[PDB]
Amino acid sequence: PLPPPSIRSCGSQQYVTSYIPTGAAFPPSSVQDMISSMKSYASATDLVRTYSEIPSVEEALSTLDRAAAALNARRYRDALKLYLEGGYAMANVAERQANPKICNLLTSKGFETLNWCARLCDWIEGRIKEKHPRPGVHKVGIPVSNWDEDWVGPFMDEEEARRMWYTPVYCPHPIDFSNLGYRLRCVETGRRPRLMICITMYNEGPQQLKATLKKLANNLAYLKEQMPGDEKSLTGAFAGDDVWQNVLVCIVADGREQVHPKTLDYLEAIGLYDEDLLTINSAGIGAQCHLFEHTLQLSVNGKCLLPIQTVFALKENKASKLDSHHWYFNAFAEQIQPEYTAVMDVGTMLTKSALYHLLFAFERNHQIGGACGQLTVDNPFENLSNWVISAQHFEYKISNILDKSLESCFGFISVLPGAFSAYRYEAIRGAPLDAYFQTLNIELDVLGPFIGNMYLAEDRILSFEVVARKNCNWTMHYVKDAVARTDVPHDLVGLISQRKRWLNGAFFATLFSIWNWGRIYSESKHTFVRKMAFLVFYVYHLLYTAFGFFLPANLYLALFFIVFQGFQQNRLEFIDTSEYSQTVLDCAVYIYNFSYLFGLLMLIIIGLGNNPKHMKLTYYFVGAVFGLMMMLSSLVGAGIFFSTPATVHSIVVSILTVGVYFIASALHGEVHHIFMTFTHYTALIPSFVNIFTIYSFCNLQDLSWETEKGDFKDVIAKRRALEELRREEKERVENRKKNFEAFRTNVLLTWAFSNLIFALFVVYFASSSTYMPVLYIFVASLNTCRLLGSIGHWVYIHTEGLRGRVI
């Protein structure tokens, strides 16, 4: 027992040294005397009280946010106190404001907060039994700021025409959207739309959204304009004068931080967004996302389009596109219960007939479980001086025609991103969607790296699940007339990144399909003929994948043998090289080999090294070298072919190898595009193969993703527990990244060394006369099969319409 040290200025002075003896426990009387001998504090207290006299909006919002954070932490008394303080603060502040909208919104928010406080107090007392109590749902409808008086439509109720509705949601698991008591305007008003469209958006300019909305309005107008009484005309819910009431459009953004500000300005202009309402009404909830609802009316030039029922959902935090599809499908589809479900991106500009053709196919066939339309490049002929655009145009046309026709003949399509794809909401409701969202429900550690890698491009999983669903026989189909025009990158780097993601997804989806093909026979219920056809397609798929795996080696072998060994060993027919100094003959081969090897080494180093945006010059240089090489090879090959007097074998091989493209293009009426873009596509084949495959394989690493009071010892334990949990989480993340990197490295090494070993063995132990015929036979077989598939698809599409009466 000793008096405290005589130090009354601890924070007043600059530096003070003191000694605090522990174990004495002090006398209470001395401490009380020390406390009573201080009078300055009163002044400070008075000042603080004066400062505390007046509240402010910022303080109220901050207190409400802290209350929400406490409520999420399961501490209820502190949440109640903060909620009461915030409610009283807002109620007091609301009178100061001079803007009527702010005054009304603040008054409403204060009343809601006070009612929630009363309900929470009643629950804490034990009067009401609930689990996870939350503030009640309260959607607010307000007049639209700008309204076009000079607009003519079919008919619009004033409540629907001039009021926009808003509500923030908290639902953490989207499957519980309906249980928690949320509702939509369409369901509330009694309308039951039959078709739904999802338009995912992330970091886009207003122009793309404007074009997409205009095109959708044009499609609705065309659907309305069709006359009844015809065989072609649709019957039922898609007739005229009421079509706009059976279609709903959902616009799902990805995150408030990443949204382009001009997009928000445009959305607010058309009456679908308001910052003040979001700021005020979302204070206490801690919403996961906020949804606005309207029936927007658009006017372009002097023509007024049709009204569109629109729901705009904006998520609070950035997530994957699969998360947006999860929200859309589960919440909105399970609530509305539509019949069809269309998926597209932002910027996809449809033609006037896409919806009509899709609905016509779905209604006529009754066996189609899904459909995809044709994809096209916007303005291909304009600016033909650009080679990348022309190459992409040729690739799209040929891929569509040949591959899509061949795959749609058998009734199984591997849709390529990002198409405008429609599924009927009866074949995907159960197991297929469960397998679709498996990544979002299970952490990557349990699944493994192989399962996680394939979901980067996730459409093919849905396609395969629909085709092989248990106790059902669902088949897919391809519609030629559903044309969707997109925009393509103008440079190499964006194309490289896009092809990287496409190739990763395609490769691992193909591996999964080959692994699990047996489920069609083991579980599904198809016809026997369908099973035999699927077996034949399986054999073809295996052969095609195996040939595509060894493509760089085959390209190198073909170029080397034909061109350079013809020059060296005098096999070019239009010139004789028995002369010359025996130095040029070897020099050609040496130059070719050294250039090819150095280019491959540089490309792999750069691709595995850094992002392909600050290495533009090197990629351009390598592409130019490879393009010049390919053009030289093409000219030499054409000369060699023309010089030969020709034979039946030669002409048959030439036809079945090269002319299949032109024959199939002429059969379907699209021949001029091939003529325009064949030369441009020919000069990018080595670039395509080498660069895109190497960059895709190198960057496979791109993985995605309660005590109120207390004493001192509790504080120490809490801090230690938090530190332990943080360290364990960091360790787990490290382990996951290590596993994924190891897997990608093993795959890349296997691929590269397989190609190199095959090339070396074929070069050293084979001749140019015992190898080329095998390659010719293989290529001819593949192209013959593709041509037969295309012809079969054309015959079916032009015959079934007339011959379906019998069957």
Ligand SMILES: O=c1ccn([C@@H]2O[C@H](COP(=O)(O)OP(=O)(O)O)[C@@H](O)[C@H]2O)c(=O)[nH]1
The other form holds:
There are 2 protein chains.
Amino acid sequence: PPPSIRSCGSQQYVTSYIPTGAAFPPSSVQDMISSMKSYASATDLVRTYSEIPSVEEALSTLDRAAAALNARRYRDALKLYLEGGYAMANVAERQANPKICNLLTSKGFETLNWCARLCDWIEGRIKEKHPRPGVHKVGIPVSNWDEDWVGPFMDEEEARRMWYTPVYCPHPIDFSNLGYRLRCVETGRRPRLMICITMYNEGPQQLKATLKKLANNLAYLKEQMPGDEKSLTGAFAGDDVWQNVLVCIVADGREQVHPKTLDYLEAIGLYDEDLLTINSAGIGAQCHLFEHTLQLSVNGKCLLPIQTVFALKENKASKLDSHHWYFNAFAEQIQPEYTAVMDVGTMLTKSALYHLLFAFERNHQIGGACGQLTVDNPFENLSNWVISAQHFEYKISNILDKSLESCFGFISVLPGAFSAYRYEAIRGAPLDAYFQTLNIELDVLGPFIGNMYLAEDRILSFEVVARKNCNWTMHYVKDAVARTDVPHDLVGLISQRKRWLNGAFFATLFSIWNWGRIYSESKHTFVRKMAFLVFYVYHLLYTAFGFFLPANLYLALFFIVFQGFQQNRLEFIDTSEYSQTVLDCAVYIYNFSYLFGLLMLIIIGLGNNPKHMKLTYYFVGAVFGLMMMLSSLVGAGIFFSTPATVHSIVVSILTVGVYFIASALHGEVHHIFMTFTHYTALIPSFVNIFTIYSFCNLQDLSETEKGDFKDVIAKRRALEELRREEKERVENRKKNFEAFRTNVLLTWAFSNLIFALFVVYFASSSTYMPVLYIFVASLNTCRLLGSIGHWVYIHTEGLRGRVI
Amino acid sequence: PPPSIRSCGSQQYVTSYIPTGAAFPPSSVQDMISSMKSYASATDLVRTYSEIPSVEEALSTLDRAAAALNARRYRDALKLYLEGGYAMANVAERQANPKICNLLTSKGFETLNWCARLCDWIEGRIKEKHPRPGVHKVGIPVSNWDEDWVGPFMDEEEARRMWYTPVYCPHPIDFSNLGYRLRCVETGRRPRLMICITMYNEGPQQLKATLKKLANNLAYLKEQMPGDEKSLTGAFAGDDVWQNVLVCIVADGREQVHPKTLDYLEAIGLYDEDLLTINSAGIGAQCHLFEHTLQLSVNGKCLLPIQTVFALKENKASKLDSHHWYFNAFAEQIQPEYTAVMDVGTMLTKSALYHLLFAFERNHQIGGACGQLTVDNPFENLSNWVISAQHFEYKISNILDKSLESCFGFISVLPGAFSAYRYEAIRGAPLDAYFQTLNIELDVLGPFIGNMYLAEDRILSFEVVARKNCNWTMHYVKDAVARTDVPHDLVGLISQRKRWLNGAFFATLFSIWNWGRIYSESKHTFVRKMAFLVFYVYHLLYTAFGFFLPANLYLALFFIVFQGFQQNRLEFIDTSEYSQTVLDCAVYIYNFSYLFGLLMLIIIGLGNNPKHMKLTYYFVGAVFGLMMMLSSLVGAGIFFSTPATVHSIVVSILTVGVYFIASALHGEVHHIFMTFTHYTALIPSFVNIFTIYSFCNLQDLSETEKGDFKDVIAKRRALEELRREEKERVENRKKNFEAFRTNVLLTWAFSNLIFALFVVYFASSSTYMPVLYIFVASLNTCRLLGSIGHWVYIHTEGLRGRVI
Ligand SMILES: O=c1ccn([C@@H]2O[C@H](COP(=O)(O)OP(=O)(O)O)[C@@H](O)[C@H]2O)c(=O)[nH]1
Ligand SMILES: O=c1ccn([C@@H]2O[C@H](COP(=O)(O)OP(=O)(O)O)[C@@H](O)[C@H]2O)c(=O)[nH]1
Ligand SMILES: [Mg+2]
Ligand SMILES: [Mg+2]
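Switch from the form deposited without this ligand to the form deposited with this ligand bound and give that structure.
Below: every chain and molecule of the assembly, starting with the one above.
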């Protein structure tokens, strides 16, 4: 018998006893149910409220329907889809905005048709695998259209209408199989060059500058006369070049996109929030792609139209995921000839694309090319030391390293922007190895492959060069200048260099380990293999020298400056005087200051993020810079005081003047003169701070419908077990990666410490400095020879290309 | 005019254009709607499927209803609640299990009554604030009941029925206002002692042992004869003590509770999953509380019944949150006289509760007491060095520190288990300051208060002692022995000591800073204030000495051992011989090994969690232990070789033999003899490893119903803005806490380094060692005097308490 539970929910507190022995007898619950009339009032109120539907309710029901369909429960999905479709169809009449009314009507009809198809599938009449709502792209007039704009010729359908479609494709390789198409393919156009602009959390100005620069490049390509020896022929000839270029702007996530960037994109007719909100309600799309042929006008001059596809991903991922989508989906569908990759904010000169295409067409053996990277407005605000140091570093790195590596046809491209490939060398295995992380969990790959983060460009380069049964070489184009924007403070530079150094070190180790594939698998000429062997020996020596850089810097400074002051080896001054306390005071001050600075740096770097420790980083950098400037002045005095000899002048030239000689040979000598002083004061800061922080922060890295009660309990237990197992797996992965990074850091730090201690204790300045001079002179001589060879090639092969 | 969109969802790919200029004309959409018949088939299939309801659907609808009600949308909540109630009422008939049928019927009726009340509230007839479903507790027969069990007397309602209720109370202070009651209050019983057992991720064995020990304590309290001078009187007298004790088992979260623990709890009639799943569907409770009077039988002996309340929190929180719930809700409702707190696994002896209650009743000035903490089975498995070291540490800490601090009536209770208070001293301000973190966000409090993590017990102790207009002192009971289980490896010890050291250091700083409140605000006797001033001076000296412990240890070892070997100061051997290379080799080996070990330790501690670095920690600990054992042997030889004098023997006694003297005075001398050797080998490990890791890881720490389209857009924009602001706030908080911890670590490390360097360079062994000996002898003499005073008090106040 049921107890007196008539008022158990209404009253604030009720205590009841429920006997579970033999259940409640029938004919008693019915009387209690029929004896209550307030339920009728509640039902009447609910029905009256539920007569009128709403947009928000319909969208929520469609979202729940998509969630149910993703869980492979089809009856609930069908019911929710029917409810949402009927709700939207009823609501569409009430709306006063014509655009909203039309979009709601179309969405309701589409949802109802999908419901009918799903019902047919459930009944068994239609046999398919993993049914999804049919793909449907909607074209709408652009809100803002410039009446006064002059272009070559634009069909009204292409000129005034922007197209939108949501894509659910989980693996981008299936983009063309699921039935998705692009406007270029439908219209019959077959673009031959594709440019990708990865964007994440950026202001409108950078995107505007990038688009203007691309339009200028297209105009320059159009302007060139035909029939010249240096003019390109074919698709990129003239008066139709804009039809052979497609620009893909891939964003990283709706959550992190700057709102002003979205406003600017909507201004140029490449984004609309109402269409995205309505048309993507039930699909549960992974990405949303808008398509347009944007027409940009700057000041009183009208630019050429640019065919643009803006792909906005729903959830945030890495840049490698953006390249995954771009390459696989768009490249496999369009099947272009070339493929250029650049970041947002990279401003190109008028001739970058022309030079890239000219090299690709003339050589026919180049599988990839990279342009020169420069700092925007270096001379302006020259009082900033960080900007000038970065400018000097970029110029020297480009000239020496790029020339030397491009002589042998193998380039380890610097991170960031403006690298072009041809979609024949990279289509197969190189791209499969490029996207290895995105397809295989880091548990299977291991710690070494996982820690190769943000170094995927070097992996792609090495895969292209060492591809089996093919001989593809890389090239460096000096005239394809791309200007970027660099951080103006030490903290951003520290973070950027952390990323760069992690990637560079582990990619270099991978290349050194796998260099044998060039001889074992690739098909090159014998001379190419011998040249690659020579470059391999040079690369081993260079990496080994770079690993021991802090110890060598400390030893050089200590010996020269301070054991010249203490032991009377400075030539311009005599220290045979003095009380023997000042000399030891200087040596001890140097040692203690260096040790304390290194300890503070390592503690801070391993400890916390370098944004709230700005003052300490600035203080350590200033101390090291003053020390380096004093050492430079002392060394200059020592060198000038000596009457000099053949050995002295040869070593001085091959050590210091190689930079000036190469810069003068290439014509970029004024930048070196302006920025050498600024770069000199940051060498210890660069080496110590960046390497220590990079090593310390290495850890940073990425179906029952109804059921009964027993089914519910089993489902909940299974869910809890799966959640706990996943948590344990993630913990184990983090533990392994942290252990690997700690082992690497300990090895590096203790190797450097032991080397420095042994050289200090068991070696003199007379028996160590000549070895360092020989090593540095040899490396710089090799780099200078490489630069001269590249210059000779680039200025001669045009004249001597007739014979061979 | 609408385009040909008849087949847009069914077909795989359809491209359509939607003109937004002037909307679609009427009389055309109606024809298309009425021209489609597949929608009728889909509707028929959906209706046929939806005729039959299910348990899972009803539970999901009720959960969604609770979610809607929490968002203050009442129409949707009413509609979902009605649907769920009707679904459950329809389903309840189909079930075959009588318990499930009865529970479903009761839940359906309760939900329908709540729907009626909510409808009345919406219509305006009933005026309330924040309506919620009415509180309803359900009593069910226990699944397993022991027929053969003999007890004092048990009403069948109390003996066979277990009660359950879900609580939604967001702020536990409102527990009694919302209408919740406990079975003890309803039955008329008024328990005078409450015991809290906090549990999180523990095996059944620990809980079983704790419950058995509590039952043994109750039996011992019952057994004592009346009329004796030492026997308690009143509630705890005899034959009814079990009615005056309530045990609250507070779990930390359903997700992290060990499944075997839940099985054991269900075995003893304190948990049931079906009742929890059904009765908590729509409430959205914060916690679930089960109530029973459990009857435990071990072997052939039957234990006394224990009144138990098991409170299981839905989501995981800190132990401070469990104490928040326990203290506020249960203590404020029941209003007990005492309040004991212990962890799970703490096994009490037969006389712990008797001694605690005896002290509380006899003294009448004690506001809090703590029992002795011991290691379970210390002699067993004596080959383990960590267990013996922990046993020695516990014994020495208890004796010396607890006796000295309890002489002055102010105890800084060690973390973990078995502390009792009286619910008159702590009811007001002390508990408000105890729960300060749980009520105020860490942004307002600042970094210093936030970093005082896991130190709340010391805060409560100091608040009790320094409470305004009151004179409450603390006490240490030696005979209330509680045995715990200690980690058997170095990694668990490292983590445990990290928590303990963070809490202890910041609580000590807080107490030192706020010590003035005792004189400014409290109301003590003049003699008490003078004694507190003396203890304050001693505490300052002890903390200052403890801050510089690594440097002093290094200096002592270096000077004595190695500058005895190098400079011929070992008395049992002569080093005037030797080549002058072995001596410097020994000194350099010591310095380099110590520096490398410290560098490795700090890098590992700041770097990664100490579970995958087990081998390196073990290696460093072994090296330090061998060094300490060698130093101990050398020091023993040096001391024995000297013929000795008054100063030597006095310093030796007051430095080393204080431990043995105090242990022999208190009778616990054999433990010291057994474990002194094991503890000696871990002193450098303790100091260096635990302090470094603790400092390094200091960072670780804790409404529109319908709307239109514009409303939806505004709502989504507001949600995105709020999410981004919250993310920024969390980032700023993390940055501030990390900066504070890094500053503290840098200050500590560099202070120790500079002190050691200056003492090494500018001081000799003759001018430094006597100062260290004086300091250590003074501290140990003060501790010995405190221990002797406590022993005299505990053995005399019984005899001399008649006069005063
Ligand atoms: O998680 C991210 C971070 C950045 N980027 C984009 O990838 C490029 C490189 O990012 P970043 O500016 O950080 O490069 P860096 O300046 O550090 O060399 C830029 O276009 C970013 O917008 C991205 O797609 N995902
Ligand atoms: O997040 C937590 C961790 C622990 N505990 C409980 O609080 C007590 C102290 O935990 P622990 O065993 O970690 O203490 P320790 O052994 O570290 O001193 C034990 O009863 C735990 O079950 C808790 O309530 N919440
Ligand atoms: Mg950039
Ligand atoms: Mg414990």
